[PDB]
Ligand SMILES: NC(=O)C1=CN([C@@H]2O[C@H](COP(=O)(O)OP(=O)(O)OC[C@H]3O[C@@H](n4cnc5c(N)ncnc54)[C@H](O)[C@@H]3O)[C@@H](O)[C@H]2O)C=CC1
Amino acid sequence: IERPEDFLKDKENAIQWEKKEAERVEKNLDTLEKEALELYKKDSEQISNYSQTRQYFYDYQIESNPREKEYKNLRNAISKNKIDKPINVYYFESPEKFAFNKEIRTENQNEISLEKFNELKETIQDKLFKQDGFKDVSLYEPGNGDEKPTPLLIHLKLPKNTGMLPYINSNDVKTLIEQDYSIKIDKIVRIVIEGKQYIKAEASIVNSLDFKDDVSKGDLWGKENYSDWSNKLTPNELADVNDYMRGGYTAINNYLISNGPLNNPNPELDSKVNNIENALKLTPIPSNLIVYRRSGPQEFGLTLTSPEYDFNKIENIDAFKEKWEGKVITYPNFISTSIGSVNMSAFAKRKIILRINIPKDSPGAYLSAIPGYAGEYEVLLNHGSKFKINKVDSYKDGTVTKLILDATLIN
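Isolated chain model, in the form solved in complex with the ligand, this chain only:
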């Protein structure tokens, strides 16, 4: 264990240790892995952008995408070298990455105002931001002579068995990792580097199961944890869950959406809602989990024809973010989600993807585990759930621009 957990400002020693590690690791790489790495060090932009949105297309599209082969080989090379002890890394990020769509300070100013610092603090306070894709990080705190692209520096601690790939490009050593978690900013402080102030954000990792395009593995997990869910429900609860799935969902959910429980109380429907809710609390979600929902425009106050629903125009995206980013949306109805991120027929035309982080022990059930409900990958969430929208991103799906909403269940 000839390595500290954090090299701090000691650049010289950080580089010396990593230079050797790089040489060591490269000898454990296959021709294909080396191939991919060479392509990366020549065009990081494309490959990185791809690694961030690859999971949202049809399974058919993913398999035939040229970049998929590159992604898989690079992904393998990374997970190849798991660190034996934790390590802290450093990297500069754009504030926009955290929904702070303003400037902390210009490149010419040296100080950061109190107002700006408080506004940033409140924006990236109690929020989990999902991170995905390849990213180059540094093992030491930037200093005199180092590149400082933005006024925001992230100091992140990576867990024991995190994959990390030290590599040599031209003459300098670099570190590649693949983000597959959520980050929480615990504290932000001002630090000065060469006369200029920078925000240093102390960040921690929050892990969650995210099957992404691997629907088969997610289905296996869902069946394993809910195979006997139906066998534990009382006759009444089973009958109501069955009715709900058999077509009763429309009446039940319409009743909830129109505030029936408080505007036109229906004893028969309230009973079913109660049994279904209790059924969802019988076997709470076993661990932190990410689910996906392709939403219709109505869920966000729009219609298929609404002019603001055309995200191909950047004006409409900005309008959407001003209204929903950082806000909380409440679903009166029970809400269906999928354990997989892949696009599917029937939802192919929807433009809004809600990517929800479900905390361990939240109510929920894998409906596709019920006898006579296969190849559906469905997770049902409780009625009245509240989701905090942390960030809005966009990507192009063919000729249509679509949105990805990074949200957290906060019920």
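For comparison with the form solved in complex with the ligand, produce the structure of the form solved without the ligand.
What comes next is one chain alone, with no partners or other molecules.
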């Protein structure tokens, strides 16, 4: 009479409990939401693709996208029902999704070799991968006669209070979530179903504040946490940060990028970097936080003019992926970032978006707490930060293919 946290293989009890839940939750949807759902079932693939990619445009392009009304209303439908205890869910991924850019086995082979398994473990095991968008999940491990489109099965623990919409699609019970978080894969085991080998990955949610296009909500949080930060500095620190902010950034960052501190030491500058840095530890980032930086090519050893930078050609994505996926880039300069994901005039044309996950307690500040600052909803991160590039995604902005880099700050 209570559902377990994990229906495991018990398909019959899964359906039975979920059909009941579907009839209950369905009662609580308003008109907008039922409509959104009826819309989703007829167009799930296009609607999900939009929910992955929507924040990356200019606000005015967001506000007027015809797909946007359906996104907001489907979003609201999912979050009407919030689980009272954790539930495990099951779904197939393509291995591309975790930057394993090669088949695990073919669609015809039944065994997954000792090598591939092991290679797969090195690729996916030690990272937080960002998930985003509407996803269909199942409440039981599939068995005989359920679709099994990949060698990769995800077994994910959704925490208490995760939004989950169970619903009848004519004959079946289906389960809809909006992924709004990151995943860690704690283990991978092999498993057999209907004669073939599969990989089951045990995954858990790591949560992060991500305001995406909601720059206002993002600002509230920034000012709520950072408007007393200015008063926490020493006289010296205040002045050296005011200097950075008001225009000193180009000389400090230029000095760092050539590794002046070692190659040609400048003691005024060094002291300035020392103070800014110390200042960035006065209010450590109080919560796990996703930030967005739109990047120049120079940041990835490239120029506006490099033919490797035309991402309209798969080769170049594939080559950028080789160079960077799985790698870690170090930033010698102070890195300025925004809690907003939107496109902005100052960088309209930039083609690489570094989407960064900042662990709670990392050095950083919401510089934009200080009025008049030209940076937009800006968080500044410390010089010498390293970023693990777990995954490279791509999207169309007009005719221009740009890149999203799932990254993690590792100190």
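Note that the rigid core is defined as the largest set of C-alphas that superpose within 1.5 Å between two forms. Numbering follows the first chain given and starts at 1. Residues that one form lacks are left out of the comparison.
Student: Comparing between the two forms on the rigid core: C-alpha of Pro371 shifted by 2 Å or more?
Tutor: Yes, the C-alpha position differs by at least 2 Å between the two forms.
Student: Check the Cα of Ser170 between the two forms on a core superposition and give its shift in Å.
Tutor: Value for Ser170 between the two forms: 2.7 Å of C-alpha shift.
Student: After fitting the core, how far does the CA of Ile252 move between the two forms, in Å?
Tutor: With the rigid core fitted, the alpha carbon of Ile252 is displaced 0.8 Å between the two forms.
Student: Which stretches of at least three consecutive residues shift by 2 Å or more at every Cα between the two forms, once the core is superposed?
Tutor: Run with every C-alpha shifted by at least 2 Å: 371-376, nothing else.
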